[PDB]
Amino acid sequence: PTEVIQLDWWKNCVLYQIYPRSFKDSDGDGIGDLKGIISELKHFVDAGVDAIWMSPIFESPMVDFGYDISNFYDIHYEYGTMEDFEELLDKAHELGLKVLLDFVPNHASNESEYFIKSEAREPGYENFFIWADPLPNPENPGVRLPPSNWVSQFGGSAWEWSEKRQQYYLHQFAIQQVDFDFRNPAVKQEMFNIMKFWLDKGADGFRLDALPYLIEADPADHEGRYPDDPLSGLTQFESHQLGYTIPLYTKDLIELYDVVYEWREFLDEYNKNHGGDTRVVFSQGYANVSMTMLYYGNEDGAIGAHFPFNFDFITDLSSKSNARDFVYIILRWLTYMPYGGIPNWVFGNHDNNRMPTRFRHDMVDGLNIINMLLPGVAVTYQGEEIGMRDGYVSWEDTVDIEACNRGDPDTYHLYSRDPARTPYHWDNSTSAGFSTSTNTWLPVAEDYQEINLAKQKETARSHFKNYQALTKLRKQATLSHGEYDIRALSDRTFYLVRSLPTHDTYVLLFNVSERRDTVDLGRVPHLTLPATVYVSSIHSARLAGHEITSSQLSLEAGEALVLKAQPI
């Protein structure tokens, strides 16, 4: 068995997204907190997680549960103190974990000192945000028009009138989330200042949110006005409704990538000047594949985020997908990613329905196997390691500003992100062990007695035990250094093979369909029989250690196997 050089930590980490409000409540207020995370850092070691990122924990009025940041240099009081954060870093680092911070560079709370100073036209802050005059209305001079038809992601105009300043400010998100002017060198310098502060504290890097919205059209390019976004011309949207416009002037502007490349320059300089393990930036943006790959860098030699997140398992695959769709979407990242790009795989987050809800309850293990066996970085969202489902959230219990703004009692479910933010299922105790109180900030999902971590640790076969076996398998040279081959055997079943001369072969077989499928293992490259089941889905006929001798393999709907075969 050949010797392999270990990869840089960020090229093949298991990265786990914590939603701190919903992870662990240590003080009975029904709100997850830093002492809660600290008390369960051992969970990440137990799970085989290398790195955690937290949804925002900075001072925030909580309009968008942390994404409206009023102070980028201190901790939100409900989550705890700077001292709790420093204790979290110390204890995480002692356990060998990396810790990344999430913040949204696009915007600040209207309660931030930046915005208070800006609205007052304070020297240094007047132009910190996008401030615009009304569009001249010569035909009805007493009727004030917004600068353009731009629509907020949370509904209504992206322009809010300031009585104090007698101008509109831009908010691509909530009224309380004010868009920085990213053509302002002082805004760009402030972003370096924020990152330097948290790197100096010992953060191992950043997840940076909402990057497609950084830059909007310069009125200088449109005869001194903000240009209207083109109309979608879809009958089902009026001017206050997201979908009314195509964001040609408000999203994916080529200038945003220059800001990202400057962030990478800054981080490269920081790493050179501090040594120890590489500090990284992982970018978030929902965009088409071309716009997504520009986050890595460009073919003029620019270098950007260590990677942009791959949301293809959220946006392009679901329970509607067959095995050919799975393979074809997996191939999209691998086909479009630049030479030397690190692939990553995301199955969920706090903005989207949970993995088993988007797919099916019988597919959890197969989805975690894909995550863990594809080359590069596995990304796990809080709860995927135990197969948590969307929780039921009534209109009455809904707190997501997106649903409160865009929805009503009949439609709120089309918008609300709350079902994927329900408290983590630790055990079958009061509130699934998330809290000692029956009062939790979102309702605990009704299935917690059936789906909880403690039950999965006790029972012979579980989502969590499969998760542990897969994160353990990623330490094998075959998964860190091995080649990959992926093809559909049928509309129902695909294989993913990891192989490496002189090292064991590992094969995923996954029936993603609602029907049984019999496949010819003779078609699977590098699969020599007999082979051993390393991992099986929790209801597979095959237990771990089951010998596969026949070339004919019948798989149930949703059944997934990892086979261990002799080296190539």
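Only residues modelled in both forms are compared. Just so we're on the same page, rigid core means the largest C-alpha set that superposes within 1.5 Å between forms. Numbering follows the first chain given and starts at 1. What changes on going to the form deposited in another entry:
Comparing C-alpha positions between the two forms after a rigid core fit, one residue in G233, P185, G275, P141 moves 2 angstroms or more. It is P141. Once both forms are overlaid on their core, the sole residue range between the two forms with Cα shifts reaching 2 Å in three or more consecutive positions is 135 to 143.
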The other form holds:
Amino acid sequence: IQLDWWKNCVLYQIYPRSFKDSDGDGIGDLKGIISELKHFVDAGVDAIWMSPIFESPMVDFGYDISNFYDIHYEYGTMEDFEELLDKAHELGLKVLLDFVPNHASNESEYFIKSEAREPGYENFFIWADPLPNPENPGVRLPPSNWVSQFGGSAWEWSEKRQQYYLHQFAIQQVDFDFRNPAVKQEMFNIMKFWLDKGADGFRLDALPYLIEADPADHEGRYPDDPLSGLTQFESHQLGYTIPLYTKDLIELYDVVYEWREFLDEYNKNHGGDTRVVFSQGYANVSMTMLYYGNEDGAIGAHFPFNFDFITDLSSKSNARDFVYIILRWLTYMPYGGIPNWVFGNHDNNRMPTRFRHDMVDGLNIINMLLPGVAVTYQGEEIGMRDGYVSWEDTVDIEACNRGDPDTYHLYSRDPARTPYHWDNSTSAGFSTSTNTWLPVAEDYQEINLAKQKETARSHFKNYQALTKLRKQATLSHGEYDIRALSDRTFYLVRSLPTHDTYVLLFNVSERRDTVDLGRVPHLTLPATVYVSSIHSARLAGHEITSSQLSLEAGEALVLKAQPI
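Beyond the form deposited in one PDB entry, can we have the form deposited in another entry?
For this one, just the chain is written down, with no partner chains and no other molecules.
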């Protein structure tokens, strides 16, 4: 039976500001994306989601939204967006928008009206009174010790309103009150507006932070978060507190289930292709699985993002660690759940930087060959590395607020946001201008899409071979078997009776490894190399005939073998 599109799509995250500049201002834009929609068809991408493109002061490059109903002028107009949707659908692509429900810009009308106590907006954000200060009574203390994800107090004093407002993110990102039925209605209004425009669904931002302790349950006070007791964190630094009262509250999931109830209604009433929500939240695996639904029968996000290849694996990982981490989502996911696999995003170091340059193909093979949904971040299809960004060039508010000239590199997301490497032209073909909002990585001459399209073997040609492979019943409907053959090498087998068997072998280590292919289930020899790492001695079409296989450091093969 053929699956609904979202159950095995290749999903590509576009960071619009760094994708394509169509107008020589050094800033990626919608006309730029429209100009390269054909790239997604060439790559074998099914669906694109864009990081935020709504009206925003750009304090957090779009995650601070001042109007949820119109396009950010630097990216273009409502008309450009409508054209992007039209041409993407024409090419067969699905298009998801980055919805940011936790917070609004302090330049939003919601906030201005709330700060001024305009009726029906007074309780739109979290507003609280100061505490008195025993050590210097002149210096007001905030309602609680809560710490912002971007450093300092999560509480900002409003001169105008004579109260503190909550900001789990930047001072300029103001936390909506999700116990307010008017806030919750406004979220339906925003989603209805963009679905009415033709959007294929939403990526839902920062959900762990939706709800904080109600002061009603704590004698009218905001309860302090427990202390970590780690001496490397001072009271203004993220890590000083354990976010017991400020993150992963059980009530956040009820909001998500209400969103899915609304979306299921909409899909029923409008028909056509299913519109989906994919949720973003870094949390422990059990809190992450409540985004899918709960055991009482609630249904949530079509899936929450799996960040395990970001959070729990790196160049420090061995083959047993790879297998053990891959098994986590597969062990914890509810029955009928769609697995997904994320290798990078705009908040984390790029895939080849976190792992090694020689592991790029193996990592893209894992993404494409595991059951479910492959997620690609902008650049991973060509093996883009972290770009060098000086203190002087750093614009990430997280790095500016938490960091300084000596430390900024511990915090900055900018190195994973440097402009896309189209070719070896000025600014790697991202712009006609040499003034890119972030500096272009120094290695764009070695690493760009044009070069990879015209070399016999490249990351991009491997990417294309893998997205093409996902059309095979073996990958859409086959079983999986995964195990380590040593500390250095593991296998992943997809099998399905009467259909071809596909086997990943991946030496994730820095050393040669010789493995016994007789230990691999469902693998009969001779077998044919379908894809090999760009540094493999073995080419596509090569026959593997010996049961003893030496893999070089980082080497990955996909073998096509006889059906079970």
